[PDB]
Amino acid sequence: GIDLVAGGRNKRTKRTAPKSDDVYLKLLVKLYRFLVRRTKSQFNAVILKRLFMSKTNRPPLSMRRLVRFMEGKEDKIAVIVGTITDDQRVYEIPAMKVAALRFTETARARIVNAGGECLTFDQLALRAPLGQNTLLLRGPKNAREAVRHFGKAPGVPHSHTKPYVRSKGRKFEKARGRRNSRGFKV
Amino acid sequence: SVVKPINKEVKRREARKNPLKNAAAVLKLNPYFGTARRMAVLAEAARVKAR
Amino acid sequence: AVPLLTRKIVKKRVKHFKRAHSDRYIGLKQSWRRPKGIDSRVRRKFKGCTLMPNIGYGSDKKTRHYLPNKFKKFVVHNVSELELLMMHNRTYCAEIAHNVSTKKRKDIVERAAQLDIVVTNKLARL
Amino acid sequence: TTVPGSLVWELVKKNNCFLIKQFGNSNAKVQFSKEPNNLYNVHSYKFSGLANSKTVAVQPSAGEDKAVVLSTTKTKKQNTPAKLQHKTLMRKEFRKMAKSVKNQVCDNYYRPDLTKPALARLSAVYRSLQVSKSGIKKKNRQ
Amino acid sequence: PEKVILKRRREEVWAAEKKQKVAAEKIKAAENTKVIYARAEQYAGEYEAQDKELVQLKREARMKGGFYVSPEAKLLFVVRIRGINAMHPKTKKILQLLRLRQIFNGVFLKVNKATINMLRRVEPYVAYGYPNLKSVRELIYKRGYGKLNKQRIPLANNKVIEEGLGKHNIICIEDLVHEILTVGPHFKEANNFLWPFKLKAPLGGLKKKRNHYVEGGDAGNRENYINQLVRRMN
Amino acid sequence: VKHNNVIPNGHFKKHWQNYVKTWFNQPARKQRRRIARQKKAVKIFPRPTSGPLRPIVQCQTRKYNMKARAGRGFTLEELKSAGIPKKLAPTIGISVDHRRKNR
Amino acid sequence: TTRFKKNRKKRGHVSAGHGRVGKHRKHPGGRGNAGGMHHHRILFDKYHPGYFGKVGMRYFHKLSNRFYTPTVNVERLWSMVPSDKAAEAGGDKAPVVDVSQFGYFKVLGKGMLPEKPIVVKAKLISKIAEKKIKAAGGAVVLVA
RNA sequence: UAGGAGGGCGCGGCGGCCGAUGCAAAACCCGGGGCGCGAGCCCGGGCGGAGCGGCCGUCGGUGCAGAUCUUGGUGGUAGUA
RNA sequence: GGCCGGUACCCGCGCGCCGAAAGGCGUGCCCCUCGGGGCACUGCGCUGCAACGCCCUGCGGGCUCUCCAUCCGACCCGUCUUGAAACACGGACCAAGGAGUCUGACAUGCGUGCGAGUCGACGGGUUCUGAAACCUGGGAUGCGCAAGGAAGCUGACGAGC
RNA sequence: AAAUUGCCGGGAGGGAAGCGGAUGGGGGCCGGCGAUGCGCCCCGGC
Ligand SMILES: [Mg+2]
Ligand SMILES: [Mg+2]
Ligand SMILES: [Mg+2]
Ligand SMILES: [Mg+2]
Ligand SMILES: [Mg+2]
Ligand SMILES: [Mg+2]
Ligand SMILES: [Mg+2]
Ligand SMILES: [Mg+2]
Ligand SMILES: [Mg+2]
Ligand SMILES: [Mg+2]
Ligand SMILES: [Mg+2]
Ligand SMILES: [Mg+2]
Ligand SMILES: [Mg+2]
Ligand SMILES: [Mg+2]
Ligand SMILES: [Mg+2]
Ligand SMILES: [Mg+2]
Ligand SMILES: [Mg+2]
Ligand SMILES: [Mg+2]
Ligand SMILES: [Mg+2]
Ligand SMILES: [Mg+2]
Ligand SMILES: [Mg+2]
Ligand SMILES: [Mg+2]
Ligand SMILES: [Mg+2]
Ligand SMILES: [Mg+2]
Ligand SMILES: [Mg+2]
Ligand SMILES: [Mg+2]
Ligand SMILES: [Mg+2]
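Line by line, the protein sequences give chains JA, EB, TA, QA, CB, KB and IA.
Quick note: to get the deposited numbering, add 1 to the position in the first sequence (first position is 1).
Quick note: to get the deposited numbering, add 303 to the position in the second sequence (first position is 1).
Quick note: to get the deposited numbering, add 1 to the position in the third sequence (first position is 1).
Quick note: to get the deposited numbering, add 1 to the position in the fourth sequence (first position is 1).
Quick note: to get the deposited numbering, add 10 to the position in the fifth sequence (first position is 1).
Quick note: to get the deposited numbering, add 1 to the position in the sixth sequence (first position is 1).
Quick note: to get the deposited numbering, add 1 to the position in the seventh sequence (first position is 1).
Calculated directly from the structure, the hints in this document are not laboratory data.
Be careful, since some hints might not be right.
Label pairs and their computed distance ranges (CB to CB) [said to hold, decoys possible]: (1) QA:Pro-5 - KB:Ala-71: 49 to 59 Å; (2) EB:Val-344 - CB:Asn-42: 45 to 55 Å; (3) JA:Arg-149 - KB:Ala-71: 50 to 60 Å; (4) EB:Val-344 - CB:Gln-66: 19 to 29 Å; (5) KB:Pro-28 - IA:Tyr-60: 41 to 51 Å; (6) QA:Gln-143 - TA:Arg-126: 52 to 62 Å; (7) CB:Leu-216 - EB:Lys-320: 53 to 63 Å; (8) KB:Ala-71 - IA:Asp-99: 22 to 32 Å; (9) TA:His-17 - EB:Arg-319: 30 to 40 Å; (10) IA:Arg-4 - CB:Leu-216: 55 to 65 Å; (11) KB:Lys-22 - IA:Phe-61: 23 to 33 Å; (12) KB:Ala-71 - JA:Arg-109: 15 to 25 Å; (13) JA:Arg-109 - QA:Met-91: 50 to 60 Å.
Positions of the beta carbon are idealized from the N, C-alpha and C atoms, including for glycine.
Put together the whole structure using the sequences plus the hints.
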């Protein structure tokens, strides 16, 4: 008998290989296993750990934010382990070099017609294996519509969480608990 | 061009050697052990050999 | 046809793990079923009652699935898959499957004698 | 393989026509691969005869005494199955078979990986033919 | 071809570089063993110097009319004697902080008002006292394990200390033993490096663990007699 | 009810299992309509298979006011001004809708 | 995929995963939303605030058509004009956009605009859409 | 324990792949030999006399010792009342 | 004396001799100065401890199978229960059937496709084994891209630490 | 097929039997249950 919690065995969990059995993703996984093992670059470590992500932990990043992130850093290669969607709200995109999993077929055309070069992670591993002069990025995680529902309950003070409502309107959860004149103001 | 040198060397756990009564190992842990023992014995030598 | 295993096969238990109370009844099969009772002396593991299978009774990985022959068995239905044990005859043992004909068994055994593959069924169906 | 070898492996590492798997998917699983151009017939990416450009086969020939075929895949002709394998019917004795196999596998840096395994299979095939000729003179158990 | 010759060039470079590292490290070990020899010689010399010094002082005080009060011990050896069952939660925390998380573990402790009043709170569960040189050294030798990268690495060679310490000017087992016993400026690190000694059950038995050592039992101070107990825990 | 979820609106308190309508006959209606269209085309050969002519009209309703669609028939004013008699227009493949007004 | 349902793993465990003490009876809380005001009160007034009661005035025979205002922000207007007729333009000459031809009634004023002038021709405009278009040098033509 | 999850074993189909079978398939019986910690599997012998299995994907009316469970059979009571 | 282990690394062996062998044998510097002791220059390689038995178709060896004896243990399972072996309830035994499934809405999590789009789901044209498959519309059908108000109505002028 | 019954052969029983762990004594059954082959050599031809 020894005084330990669950015999000391780690009770947290993390991904160690993507649930996705996409063969191309498994091949990237093997490549970056090699790189993080023989190279000891923290950048490769982060890239690996982020290929071991779900699609709700890999939200899309659009150019209207990518260009923000590339404004004055055209020498460094942009890396987004996720998706690049276009954004019809921007007009002039600097010729930028971005590496990503996927490019929406209109965003890839936008980048090519702007004159940048549009990479995949193997092409990234060619000319930045340790990640020389690279700019790692993540898309907005808590921007997902589902997240607007999370946190402390809708009906407690100071909470600004969207309650699950089957439709908007006057009759759908406006009456008692949302105003002084019927009951109380949440 | 960037990988560190490959490491094929497998280091297993080393068998235990008696750290108190194995001469070879006690002289790798405490190299002065033999000198202290010799001093003590060579001090006993006179203390007995006198009488 | 000489065994490659160079480690003595050790078994932490040879007796089977018969189901608790398989003895008093006939309808209960001998196969093990974990006793799910709330007051079951077997589940509470009082001494003197049947032993359950743990993982602790597991056998060594390097001496696992070796027959008493010191070969791992591999069941073959025909000459086609008999012949693919050329470079495993020191570690794998063919067994001709239970539903082949005696005619095909003669052929497989003849083929295995010249490929020098240990077979435990060469005296079957004759 | 029009696609690369690693991709072919990730495509066929779990099911293919040449894979004989028995005893379930538990710790008891036994896996062999029975394509002609796999040497140990061990189903691994080293020995896989489908996921590789450069593969060697060592087989006893058709009904005829003591003729061994050594075949190596032609890397460049690879999308031409009829002209995909360079097959080599040799019938000389064993020492000159081993020198030629070393010539075709290891010495030209075709695929030194399978230097020792190809020769081991050559020994097994040769003595298999030798005993098909002579008979069971030795019990081969000591 | 070019591919394999290019591979082999680096293979040659690495072979040479590894050989020259071995050549350097042989000289390193050859000088380091003389350094260790010197340190152990002087540690032993001051062991006898202090041992004669105590008798010298006590005799001098008796001669000059008064008496010499020995300097109270700087170090405690604590060994837990009660199991992990039926513990008040505050006591459970005290033991988890002292690193006594299993019966018949031994830890080395600084003496100070912070820690000795911590033992005060948990005396029914530990037996503890004043280790001497033999006890400390042979604990370190025969049951020495090091908290190396959270793993328990046996202290079977001098090299483990190069990794665990060496930012603290502790290089051999004898430095570790000295720097514990004569509670040093780095005792915290050279104890947290040590893994709780997992000791044998007391040979020859054990008196009643329910009572205090004064009343006949075993818990609490037995100041000098942890020495007498260790030879049968070890 | 239990953990945070929408307030259910299950309208399954009647005997809905007596009125479930399954669509396994969807391919069957497709094929039957196709057959009916062939056997109408052969009969009305050589008339146009879409039927008589239909007017360009505007939809109602602010949401679709700008979106033109085929109506039901030409008005009397339109037939008269295009020079085609009322009773003859439906004869020669021209629908007539006496209810529409030309505004 | 019944071969995956966790009921299958709960075979042999007497309670099928619903507890021995508190069993799995028909409807121990009531059918549906039973007792919103009474014993599910904690639930309804924690997670669905505002559920109970009337607010607002009735509107007999609503048509959703009457309320149809598809809107477009200013930031997206320039996507509507093709690049060719963005080139066929200068400082004094600017393209004219009929949003009603695109299915939009109102033109709202969210986001940036390029400095290039544009004449958006809508049915409804906001204050801020006009202020941004004028400040960009364009103009507005109201049609319907 | 209540409970949760992972990995597997097993039954019956479907889309595929590899096979077995009148020189004996399925089933069932055995003081037969084994493998796995275990669900279970493999082989041997007998009866049997025409079908059957393995692997991958996938699907399901899929696993029994209880429910005074349902149908059918059989006991002890008993050669007794 | 007990138990375990028997070596690709710590040990050990060869590259000299004597010695069956344990093993002994060189040179130079420090120490006592007797006896001897300490230190030193150090390199290539190789590197699974042995001796002898017994039996080998035997009346042999061993077996996880069967019966029996003996020592130790050992209350009858499922269950409601703080508590069941209970003088709590169900169960005489066997065989077969036998209990979280289907559908709708929603939600989180995960996978796939696309991604300010996305759905072809009602229809239409095709469809030479086919209730399949493939094509088609959509310029606004569903959801999403704008929200706040009861409503008239208004509807995000561009972020720093 | 089992429940269940009979006959034959075996086994054991001082107010239960059955089951777990030890071996021991009976059985019954296992030749992949357990080997005879490697190197060196000389012919005698293959
Ligand atoms: Mg333990
Ligand atoms: Mg309030
Ligand atoms: Mg209980
Ligand atoms: Mg004793
Ligand atoms: Mg006592
Ligand atoms: Mg007490
Ligand atoms: Mg009803
Ligand atoms: Mg449970
Ligand atoms: Mg549940
Ligand atoms: Mg229940
Ligand atoms: Mg409940
Ligand atoms: Mg209750
Ligand atoms: Mg009330
Ligand atoms: Mg069922
Ligand atoms: Mg059943
Ligand atoms: Mg039953
Ligand atoms: Mg049950
Ligand atoms: Mg009660
Ligand atoms: Mg009672
Ligand atoms: Mg009751
Ligand atoms: Mg009863
Ligand atoms: Mg749309
Ligand atoms: Mg910041
Ligand atoms: Mg019977
Ligand atoms: Mg009697
Ligand atoms: Mg017994
Ligand atoms: Mg026995």
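Tested hints:
no.: 1; hint: QA:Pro-5 - KB:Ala-71: 49 to 59 Å; in the structure: holds, 57 Å
no.: 2; hint: EB:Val-344 - CB:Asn-42: 45 to 55 Å; in the structure: violated, 27 Å
no.: 3; hint: JA:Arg-149 - KB:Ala-71: 50 to 60 Å; in the structure: violated, 44 Å
no.: 4; hint: EB:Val-344 - CB:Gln-66: 19 to 29 Å; in the structure: holds, 26 Å
no.: 5; hint: KB:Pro-28 - IA:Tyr-60: 41 to 51 Å; in the structure: holds, 44 Å
no.: 6; hint: QA:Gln-143 - TA:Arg-126: 52 to 62 Å; in the structure: violated, 29 Å
no.: 7; hint: CB:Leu-216 - EB:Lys-320: 53 to 63 Å; in the structure: violated, 30 Å
no.: 8; hint: KB:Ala-71 - IA:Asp-99: 22 to 32 Å; in the structure: holds, 24 Å
no.: 9; hint: TA:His-17 - EB:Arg-319: 30 to 40 Å; in the structure: holds, 39 Å
no.: 10; hint: IA:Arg-4 - CB:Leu-216: 55 to 65 Å; in the structure: holds, 58 Å
no.: 11; hint: KB:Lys-22 - IA:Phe-61: 23 to 33 Å; in the structure: holds, 32 Å
no.: 12; hint: KB:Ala-71 - JA:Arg-109: 15 to 25 Å; in the structure: violated, 41 Å
no.: 13; hint: JA:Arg-109 - QA:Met-91: 50 to 60 Å; in the structure: holds, 54 Å
When held up to the earlier numbered hints, the structure conflicts with 2, 3, 6, 7 and 12 and fits the remainder.
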